[PDB]
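Everything on this sheet refers to the single structure shown next.
It is the complex with one fewer protein chain than it really has, and the rest are unchanged in position.
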Amino acid sequence: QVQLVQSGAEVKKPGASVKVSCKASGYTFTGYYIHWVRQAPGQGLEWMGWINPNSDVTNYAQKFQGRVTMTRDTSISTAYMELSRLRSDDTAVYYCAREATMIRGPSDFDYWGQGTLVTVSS
Amino acid sequence: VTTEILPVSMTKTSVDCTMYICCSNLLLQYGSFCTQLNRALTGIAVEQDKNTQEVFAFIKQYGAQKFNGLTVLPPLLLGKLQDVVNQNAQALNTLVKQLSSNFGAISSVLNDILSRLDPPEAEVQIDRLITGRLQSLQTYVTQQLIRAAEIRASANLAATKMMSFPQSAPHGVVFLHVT
Partner (left out) sequence: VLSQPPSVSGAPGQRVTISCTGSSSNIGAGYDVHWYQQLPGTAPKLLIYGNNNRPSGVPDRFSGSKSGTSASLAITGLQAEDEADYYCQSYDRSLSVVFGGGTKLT
């Protein structure tokens, strides 16, 4: 089977950056896609950005442009997230999802990762 | 006398990444995944070749730039064979039909996507397009893996079967079992 597992929680203070790692197993990490979507507690899912493991070209949302840098390491099949310059509104669960096989245009997020709670406060 | 038909072969389809992906900078970005796909496809082709060797001892239009580098390798050497040929042709035709799709891009060709649209968005657009074609080739590779396993099992069965009189057949063998 295909599973995506994340690292532990972070209690990073404001001004720091996260290193949220997504290990992918059971499938060829080269190919497919690794999307990052965050969910603040009490609100709906809003996107962050996708990395393509083949080329390392990103697509962030216009809100997260310039603060988030997705990096992939295909040797260990792990996608790192770096959300720099945290504020108090960034306390959220940072899900790591995998886009499915693309037939006639882009498709769903076939498996989802674990829940990384990044809490940011004084 | 009972007649049985066993598939031995499948059409060898190798893919050259250099004109399948394409500049020569797109090859550097997208070469790893296409290299795994090409290695799997030539493994399938060599598997079919030793299947024929062990047992015995779009295809109409192709018979390479017109097909985006999706070629057919000729081997160096009645119902079931018809399914083998028909689903092989269906897989290849579905692949060719699926490269023609834009895959959500502004166009399905590489000339126009670098022409009327800006480079910092064109990088994302071209990533979507070429990685989508590579995922289509991945689906084709997975289907050829499972089908190559099926004709592999049939080929070892025919090799163990090789009174009985054998005759050759398109992509397979036929046995006349006298009893």
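Note that the chains take the letters A and B in the order they are written out, and that residue 1 is the start of every chain.
One rule holds in what follows: a contact is a pair of C-beta atoms (placed from the backbone, for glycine too) under 8 Å apart; a residue touches a chain by one contact, two chains touch by 3 or more.
From the set B:31, B:43, B:75 or B:104, the residue in touch with the chain omitted from the display is B:104, counting the whole complex.
The residue touching the chain not shown here, chosen from A:59, A:77 or A:78, is A:59. Contacts to the hidden chain, counted on chain A, fall at residues 35, 37, 43-47, 50, 59, 61, 95, 100, 105-115. The missing chain lies against chain B, touching residues 104-106, 121, 124-125, 128.
Here, only the chains that are shown with their structure count from here on.
Taken in their complex, chain B has these residues touching chain A: 29-30, 32-33, 36, 98, 101-104, 123-124, 127-128, 131-132, 134-136, 138-139.
Taken together, the chain A residues at the contact with chain B in this complex read 28, 30-33, 52, 54-55, 57, 59, 74, 101-106.
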